[PDB]
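Build out the structure end to end from the sequences listed, making use of the hints.
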Amino acid sequence: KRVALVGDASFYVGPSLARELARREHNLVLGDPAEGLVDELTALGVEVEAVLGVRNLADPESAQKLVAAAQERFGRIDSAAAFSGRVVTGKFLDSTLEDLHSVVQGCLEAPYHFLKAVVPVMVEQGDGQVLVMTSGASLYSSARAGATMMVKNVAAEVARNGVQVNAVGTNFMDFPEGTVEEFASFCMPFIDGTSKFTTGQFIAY
Amino acid sequence: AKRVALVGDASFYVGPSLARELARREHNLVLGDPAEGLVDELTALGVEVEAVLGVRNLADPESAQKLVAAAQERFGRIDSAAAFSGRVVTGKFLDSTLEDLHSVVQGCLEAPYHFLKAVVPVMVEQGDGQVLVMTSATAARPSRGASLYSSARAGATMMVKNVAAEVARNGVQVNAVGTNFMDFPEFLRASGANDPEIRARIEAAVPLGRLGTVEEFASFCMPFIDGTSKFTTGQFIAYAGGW
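Chains as they are written, first to last, in the deposited numbering: chain B, 7 to 141, 150 to 191, 217 to 244; chain A, 6 to 248.
Just so you know, these hints were derived from the structure itself, not from any lab.
Careful, some of the hints might be misleading.
[Stated by the list, open to error] Below, a sample of chain A positions facing chain B; criterion: calculated Cβ distance under 7 Å: (1) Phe98; (2) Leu106; (3) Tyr118; (4) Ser152; (5) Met164.
[To be verified] The following label-pair restraints were derived from C-beta to C-beta distances: (6) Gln131(A) <-> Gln77(B): 58 to 68 Å; (7) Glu104(B) <-> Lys235(A): 27 to 37 Å; (8) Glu221(B) <-> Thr237(A): 37 to 47 Å; (9) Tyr244(B) <-> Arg79(A): 45 to 55 Å; (10) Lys235(A) <-> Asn185(B): 33 to 43 Å; (11) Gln131(A) <-> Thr233(B): 54 to 64 Å; (12) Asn185(B) <-> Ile242(A): 30 to 40 Å; (13) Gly59(A) <-> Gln77(B): 43 to 53 Å; (14) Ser234(A) <-> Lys97(B): 24 to 34 Å; (15) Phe236(B) <-> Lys97(A): 19 to 29 Å; (16) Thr233(B) <-> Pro212(A): 31 to 41 Å; (17) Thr233(B) <-> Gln70(A): 48 to 58 Å; (18) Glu202(A) <-> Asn185(B): 42 to 52 Å.
Each residue gets a CB set at the ideal place from its N, CA and C atoms; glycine is no exception.
What follows is the structure, encoded as structure tokens:
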């Protein structure tokens, strides 16, 4: 019955979210799923909408496309999760303007466009749960802080409409080689409908 | 005057007063776009002054280098540098535009980056130097009315904090002063604060106040750039970083 939208189920972090959500009886709108997921899930009894070519949320069009798709197929968006990241490291004095532009695009523009597209739908619905997943590194640390602010401020604004907005951090990519399945299970409280009163938080797995 | 102090913008009233204080404290000066009467007023007290033209838009990648370059050619040294960064855009998130997110990022994030990227490497090669980032007014904790600006302003705080940490070892101290309770007009000019409907919207989301004159504010800034106090770094005072 409930509809869950996951921006990226290509690669590995997103698929596990889809599995835990499917167990919790949530129909799915998946962005660029890896093959054998649409099929696996449809067999498990959950309806699935594939939205293609929407991995770069910086593209104003991408998030718009994911939402349009969810609205046409299911007519509702109860949960939405999106991973926002661009990897840029280096001491400050060694960075480039391009590096700053890249972190802003990934950790500020990609969430911005996501929220600006999903939240209107949930505002009209009077309910909704949003989850922004964020990924020494002066510029990167800086964008995360902004994305953290962004999430807290937007939450304060749209709580009046019954919509939750929270953010989660992950240690993966510091070791590209616990599991993701445990991380998905941990994400579920923000998107499965069980807890609806937490908002504007940043938690670290 | 033997020490060199660089002032990113001396066009209005705050920077002139900084330069005037610094000159009493025997600094030579690198000024971006000095106010009318300033260069002459200053040379008549015996200071050397390098006026750098058309640089007071610091989000312009070329503006900071021009200032640093003039200093290197005319003085060979930059002991202190001060510069103000910040553009405020108000409005609810749902009614916003990427254009507004760009405006805040360029003013609050790119502008400090260019200044630090050009002045700090010099101070590193020198093993000594004091930086002062004067920050736009911090917004309120549940920053409704200014979601995007607060996001950029947070990101800029984190950036300056990180930089202060990196270069502390190389003898370069970097500090932030907030301008929330120092509401001289030039600070909010770029943010459209002429028409008082805009200004009312700014005031709704950021606490403002003016506690003193610009001459007093110069005096107040000297501890971070006048060379007499060289052990503090990474400080965010007067709400530059939050509450």
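Q | Earlier hints that do not hold, by number | A | Of the numbered hints, all hold.
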